[PDB]
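Participant: One-letter residues, chain by chain:
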Amino acid sequence: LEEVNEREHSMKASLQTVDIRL
Amino acid sequence: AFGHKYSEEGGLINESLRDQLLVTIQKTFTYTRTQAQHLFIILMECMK
Numbered sequence: 014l015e016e017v018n019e020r021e022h023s024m025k026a027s028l029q030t031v032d033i034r035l
Numbered sequence: 010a011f012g013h014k015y016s017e018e019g020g021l022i023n024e025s026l027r028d029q030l031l032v033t034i035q036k037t038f039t040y041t042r043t044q045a046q047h048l049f050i051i052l053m054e055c056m057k
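Just so you know, the sequences run in chain order A and B. For my numbering, count along the first sequence from 1 and bump the result up by 13. For my numbering, count along the second sequence from 1 and bump the result up by 9.
Looking at chain A on its own, in the form it has when it is part of the complex:
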């Protein structure tokens, strides 16, 4: 679950970036 939280941090950062780029 710790690995999951961290990889999910990666994912939400990526989604925020894509939202800015749009």
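In case anyone wonders, no lab produced these hints; they're calculated from the structure. Treat each hint with caution, since some may be false.
[Claimed, not checked] Once the Cα atoms are required to be at most 16 Å apart in a straight line, the calculated EDC-like pairs of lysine to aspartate or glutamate come out as: (1) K36/B to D32/A; (2) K14/B to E54/B; (3) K14/B to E19/A.
Chain B: place on chain A using the hints.
Facilitator: Using the frame of chain A, we list chain B on its own:
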């Protein structure tokens, strides 16, 4: 918190986390682009 983990060598903050910090300042505090910029300068000196 986000300034402190994404910091490297104090005031040496690169280009991706500076505009990540600017957009999170402009989103959480609902400020303009000027306000975000000034706040990020201050936060970078503080991380230094």
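Participant: Could you tell me which of the hints above the structure violates, numbers in ascending order?
Facilitator: Violated hints: none; all satisfied.
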